[PDB]
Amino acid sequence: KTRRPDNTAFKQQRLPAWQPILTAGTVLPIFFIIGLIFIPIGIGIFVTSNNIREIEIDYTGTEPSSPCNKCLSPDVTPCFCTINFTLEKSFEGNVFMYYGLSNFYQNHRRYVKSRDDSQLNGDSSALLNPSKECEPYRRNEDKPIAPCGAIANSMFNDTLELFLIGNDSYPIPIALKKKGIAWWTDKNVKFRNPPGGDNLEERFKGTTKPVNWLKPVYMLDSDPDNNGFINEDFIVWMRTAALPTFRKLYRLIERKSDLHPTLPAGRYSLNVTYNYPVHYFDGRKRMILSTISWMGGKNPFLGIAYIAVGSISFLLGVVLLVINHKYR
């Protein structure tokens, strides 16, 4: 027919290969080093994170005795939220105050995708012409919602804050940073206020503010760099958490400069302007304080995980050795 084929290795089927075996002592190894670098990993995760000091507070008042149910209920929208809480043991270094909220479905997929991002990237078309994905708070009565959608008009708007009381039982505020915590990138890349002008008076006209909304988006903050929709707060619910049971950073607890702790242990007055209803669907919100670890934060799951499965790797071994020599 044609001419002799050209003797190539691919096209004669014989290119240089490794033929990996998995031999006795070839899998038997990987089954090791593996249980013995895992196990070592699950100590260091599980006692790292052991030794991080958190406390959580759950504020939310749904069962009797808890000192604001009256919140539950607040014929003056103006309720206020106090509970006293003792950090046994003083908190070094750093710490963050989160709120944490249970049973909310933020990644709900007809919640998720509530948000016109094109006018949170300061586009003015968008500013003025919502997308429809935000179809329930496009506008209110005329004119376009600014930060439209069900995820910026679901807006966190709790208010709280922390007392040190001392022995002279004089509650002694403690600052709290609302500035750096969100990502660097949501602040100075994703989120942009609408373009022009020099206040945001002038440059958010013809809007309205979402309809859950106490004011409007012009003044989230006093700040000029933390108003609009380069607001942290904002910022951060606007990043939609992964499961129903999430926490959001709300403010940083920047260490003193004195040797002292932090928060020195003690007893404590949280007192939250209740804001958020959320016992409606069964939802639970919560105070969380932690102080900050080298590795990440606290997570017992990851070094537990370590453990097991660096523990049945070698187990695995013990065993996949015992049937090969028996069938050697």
Contents of the next structure:
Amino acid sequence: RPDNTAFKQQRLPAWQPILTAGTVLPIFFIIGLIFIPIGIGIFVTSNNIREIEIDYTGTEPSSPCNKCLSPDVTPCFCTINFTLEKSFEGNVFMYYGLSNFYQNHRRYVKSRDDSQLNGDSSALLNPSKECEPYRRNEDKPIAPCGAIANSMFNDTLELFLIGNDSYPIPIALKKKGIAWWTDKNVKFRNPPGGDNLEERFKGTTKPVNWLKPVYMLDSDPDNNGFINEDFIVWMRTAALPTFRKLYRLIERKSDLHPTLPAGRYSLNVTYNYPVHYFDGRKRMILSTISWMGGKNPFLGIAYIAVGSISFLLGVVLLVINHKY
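Could I see the form deposited in another entry next, after the form deposited in one PDB entry?
Lone chain follows.
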């Protein structure tokens, strides 16, 4: 009387794998023979990357940039000397790093109005309440409201090369293409109506900590307001307190001469960002990016650690299985 179907009688045809030591040990060797060659490749390709960092926050008498730690004059120009003992072959990337800068703080992360930065006419005139401590200035809305835009990195770094002659050779630093493609061309847009930016921002002022308004960050109209590469990069809130963000990029030259030949260099810093208040640190990083990214030994070491422990354990269990 009860329905005699496969499902109702708990008799659906099932693969039903069988597991013994004879069918799981071969997997250990295979998994132990694929994570070892990959790890060797990853570990080696990490060491090929040549990367240097320059700390210039000062805080010590010997530091060349300590002359403008305390507020003395608005423009500081401190120079750092460093030498490259190994040439950088491919295209080189320039980063600036900050320490003890909690960009992942809850109150800091939400301090933005992503509808305003997308080019919404209504939101531009009245920003949201999430950016409240930096919402209105002098009874006028702030065009990039929020703590994220307010604390933008604003000191200039420059690269110089010293040859046989004592004269410095400036290095051309490119600025385009340092932010994600999508958020620059889709997520971050200027307000809709207008021919020139200064007219689109009528009732909106500049952030309190800024010097120049948002509609004059760059001379190019393609990086002027809300689409400035240096601005868009700073919005992407860092995951950890210690982070590095893309500043510029020195493209590889057409000729065979390397991008950064081995020699002495000078770092021209227009010191403007004060971080000694919260015991932070400022760094400049020149790196060459491989197919996997930057210089990180974690992936290489981890595969060797995982690859060997699977092979070492697989052999021992095979040894125990064989004799016993």
